[PDB]
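Apart from one protein chain that is not included, each protein chain of the complex appears where it belongs.
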Amino acid sequence: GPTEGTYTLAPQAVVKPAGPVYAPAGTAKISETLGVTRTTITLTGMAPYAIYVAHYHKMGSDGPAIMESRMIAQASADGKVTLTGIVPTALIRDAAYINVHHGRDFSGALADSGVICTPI
Amino acid sequence: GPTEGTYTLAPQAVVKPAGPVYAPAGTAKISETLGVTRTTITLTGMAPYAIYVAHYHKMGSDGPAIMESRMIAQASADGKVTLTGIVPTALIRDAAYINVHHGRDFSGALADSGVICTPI
Partner (left out) sequence: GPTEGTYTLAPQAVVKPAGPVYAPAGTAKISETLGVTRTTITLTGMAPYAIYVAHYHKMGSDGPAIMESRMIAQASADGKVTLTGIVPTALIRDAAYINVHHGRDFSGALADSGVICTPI
């Protein structure tokens, strides 16, 4: 009846990756008011659906972390992770760099130890 | 009970993965009826439970996908996926190749840029 066809298939050699691209970039916002500090670290070009726990690591430059500034949120679908969080300025004292890490779950935890970071 | 036993473990010398072997093969079969085209493509040796989006790409190898010819399916558990579809023969009048890609999700974008391809 209708014209048929039955081609055999052939593997391609350069099966290049597609989809979004891993290039950690970002801009932080350390807005400070009366005695609390809201911080909006907007990151882009991150990992499609990953967790990005970010806090304030004190001077130590692997040092201790004021864990009372943990912000946990997930990375959208193109790596558009937007972290936010309030912390009394008194706790913040002696913090030197806001380190962004990957997470193992929305319950904090540490997977990667410093994917992106900035002084203050 | 009356007899015990205690043995410390040793991690062998080399551990080898088993199950399916990623050997992409294929079998395209077109049957163009009255202003319509059915396409049953059988891919064996694929990735155990992956998505396999398939389209008819125009000339320009390289060139634009006729998006109205998408066929999507999963590869069972040994890497056997079967792609079926139905498209008017007027839209695929300039198709030069049927490119099979991997999928990111059920009905969605590509994760690769062509794993296996047959020339038409």
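Order as written gives the chain letters A and B; numbering starts at 1 within each chain.
Here is the rule we go by: contacts are C-beta pairs under 8 Å (C-beta built on N, C-alpha and C of every residue); 3 or more make two chains touch, one makes a residue touch a chain.
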Contact partner of the left-out chain, one of A:9, A:41 or A:51
A:41
Given the full complex, what residues of chain A touch the hidden partner chain?
23-33, 41, 43, 98, 100-101, 104, 109-120
What does the interface between chain B and the hidden chain look like in terms of residue numbers?
1-12, 15-19
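Please note the rule applied: only the chains that are shown with their structure count from here on.
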Distance from chain B to chain A - Cα centre to Cα centre, in angstrom
32
